[PDB]
Amino acid sequence: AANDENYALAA
Amino acid sequence: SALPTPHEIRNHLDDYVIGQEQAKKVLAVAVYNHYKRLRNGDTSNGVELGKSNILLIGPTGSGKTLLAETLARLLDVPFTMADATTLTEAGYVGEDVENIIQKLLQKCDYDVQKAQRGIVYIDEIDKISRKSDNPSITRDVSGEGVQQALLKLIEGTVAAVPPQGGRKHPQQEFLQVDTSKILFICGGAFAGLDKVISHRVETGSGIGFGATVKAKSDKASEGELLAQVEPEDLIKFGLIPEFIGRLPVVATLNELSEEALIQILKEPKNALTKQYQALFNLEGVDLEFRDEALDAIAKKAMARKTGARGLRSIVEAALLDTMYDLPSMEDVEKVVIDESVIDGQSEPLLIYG
Amino acid sequence: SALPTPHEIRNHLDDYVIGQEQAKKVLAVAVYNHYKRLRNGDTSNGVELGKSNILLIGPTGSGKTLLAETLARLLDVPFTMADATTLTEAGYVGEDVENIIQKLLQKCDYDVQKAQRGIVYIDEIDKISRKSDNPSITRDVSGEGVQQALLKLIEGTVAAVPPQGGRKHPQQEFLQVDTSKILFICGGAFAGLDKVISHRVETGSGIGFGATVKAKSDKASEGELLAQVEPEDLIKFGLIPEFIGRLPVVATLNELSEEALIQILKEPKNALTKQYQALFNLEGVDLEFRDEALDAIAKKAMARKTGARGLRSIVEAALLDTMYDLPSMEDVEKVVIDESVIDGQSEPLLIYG
Ligand SMILES: Nc1ncnc2c1ncn2[C@@H]1O[C@H](COP(=O)(O)OP(=O)(O)OP(O)(O)=S)[C@@H](O)[C@H]1O
Ligand SMILES: Nc1ncnc2c1ncn2[C@@H]1O[C@H](COP(=O)(O)OP(=O)(O)OP(O)(O)=S)[C@@H](O)[C@H]1O
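Protein chains in written order, with our numbering: chain A, 1 to 11; chain B, 1001 to 1353; chain C, 2001 to 2353.
This is chain A alone, in the form it adopts within the complex:
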């Protein structure tokens, strides 16, 4: 999977 499994991220 070139794209990450999670698009949203948390800082």
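Hints should not be assumed to be uniformly reliable.
Unchecked claim - Short derived list, chain B residues pointing at chain A, Cβ under 10 Å:
| no. | residue |
| --- | --- |
| 1 | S1136 |
| 2 | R1139 |
| 3 | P1163 |
| 4 | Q1164 |
| 5 | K1168 |
| 6 | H1169 |
| 7 | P1170 |
| 8 | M1329 |
Bear in mind the hints are in silico, worked out from the structure with no lab data behind them.
The beta carbon of each residue, even a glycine, is placed where N, CA and C say it ideally should be.
Since the structure of chain A is provided, determine the placement of chains B and C with the ligands on it from the hints.
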């Protein structure tokens, strides 16, 4: 089948640990009670049995960490060991407190029921102690944030433990594991706690004629001061009253002595002498020691004030030159260490044949 | 297969190192003992072996960093270096302590099993020492904090490191690398430690007629004082007693002299003089040195107090004008350097074929 009595558990620990009877009894009693609570899972009695956590306050190299590792070899329920230093409150790059539960789940094959009845050990608890000198204006996440987060977890609360523990996204789904019955054991070598206790217990300072004068020899030993420990003293160290309140059981450890240290060389299952003796056996060489040599070694280690770990330093120094050329020689069967060898006035007596 | 003996290991290290027999012996024994622990699971008897971490103390340019780099050439297990200054407490912008283990995995292609028996070297460990931080006015993430995190890591514990930087959130499966069998070597130059040891060794109970001891003392070299180092002295330098307790064996280094520097210029394989010879040989030009020149070089190096690294500065400064125009002309077969050339009152002699 049948819950083992505390005597059986204590006897097993004696094979790997020497001394510290109070700590052994407290740990054995806690395990015995935990097993009994697990047995009556239905809880026919109307009253809801409440758990009691344990705290360990002892000097460095006193067997605090060793006791936890040895207990795992005898326990049957899940057991885990964590480090409080790496812990950080939620919402920061540091791992969350809930990650500890994730580790326990791995041991029990991700079983919620098993994790609820599991045991957890914590180390370096003294490091997270707050700094009274530091003003409250600056937020502390490593020391203060961890204590505040462990309050609900220790007392018993539902924790949204992640499946793997790597990250905790709000949108992500997490497993719910209650901690109402889980037992936690905290340990740590509180540095400077004896000074606070002595100031409060003695209160003998004063230069005036009326004020009493106390000699330095009259001062109690560090181990003795630790015995007269109260929650108020720990609060001065930097622990919030809420955290210490969750820990009603307090246990202390005594510093090792020359006579006790001598036993550590041979009585333990994995004693230092056994490791070195076996290390020489796999090379076709025999190793022997003398009781007089052990006394000198223990006496020197006490000066280092580093605990049992100091013994490894002394042995390495004496046998440094030996191993440097041990396999180079030939026609050697046994090696004998004399008392003078430890003092540096002689070399090991090689046995040929 | 047969494990190499310490003598063979010392011979290879003696090529790239000079006058470090004491340090070379300790390193050779450790690697030899480490390999023995790898061939057998625990022992023929069945008891596990505790590891012994090495602590290297020596002035700058004494070969502390060189020893680790040279040792990697003879090691058949994963090896990696680290910087203590970068390390910081968890939950901070600074590099995490667990990242050190991550570097080791890179060497063995992310193999958890190989890393478990790897060797790790740490440099400039004195930087994390406390600087009069005994009151603990504020927590030091770069200092005392780093030591606390390394306490359990050196002893042995599970480390959660991402296999591929958290590829996917579900089923992350963070690698659990136990460091119970991973050797650790710490090294750093300590400034002021000699004075601490001198004060302890210095006699004199009191001043005045009442004093029963004259307090006579004699000047001692830096290396001599470091040999008498004890854990108590390190504690006063700003190190936690628990931390030093994890390093049982301590090795010291000495300074260099004219004879040592002179030998280092020609005896080692990758010597400074040999490097310049190869750089000139490829251009069809031969280079030769003289004993008198090396003497001036050694004196100038120790006169500037720049250590072994200062040698390069003097050599290049003497051959700057020489190589600035060497490619221009031709028909030159050999070059000769004299003592007067180093002094700056002469010039190198050129030989035409
Ligand atoms: N009674 C004992 N019997 C055998 N080994 C012991 C004993 N007490 C200490 N040790 C040794 O000391 C080490 C265990 O140190 P611990 O006392 O458990 O930890 P600590 O030094 O008190 O603080 P931490 O948590 O390790 S930073 C091991 O190397 C043990 O072999
Ligand atoms: N005995 C030696 N033989 C050859 N080169 C040496 C020797 N001792 C030092 N060097 C040189 O010194 C450099 C390596 O630095 P070190 O000697 O390890 O000093 P250091 O301890 O690394 O200083 P730092 O910056 O505090 S790590 C290289 O340029 C080596 O060539």
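Outcome of the hint check:
1. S1136: violated (25 Å)
2. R1139: At about 17 Å, which exceeds the 10 Å cut-off, the nearest Cβ of chain A leaves the hint on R1139 of chain B violated.
3. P1163: violated (13 Å)
4. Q1164: violated (12 Å)
5. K1168: Holds. Min distance 8 Å.
6. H1169: This interface hint holds because 5 Å falls under the 10 Å limit.
7. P1170: Constraint on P1170 of chain B satisfied, holds at 7 Å.
8. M1329: violated (60 Å)
Of the numbered hints listed earlier, those contradicted by the structure are 1, 2, 3, 4 and 8.
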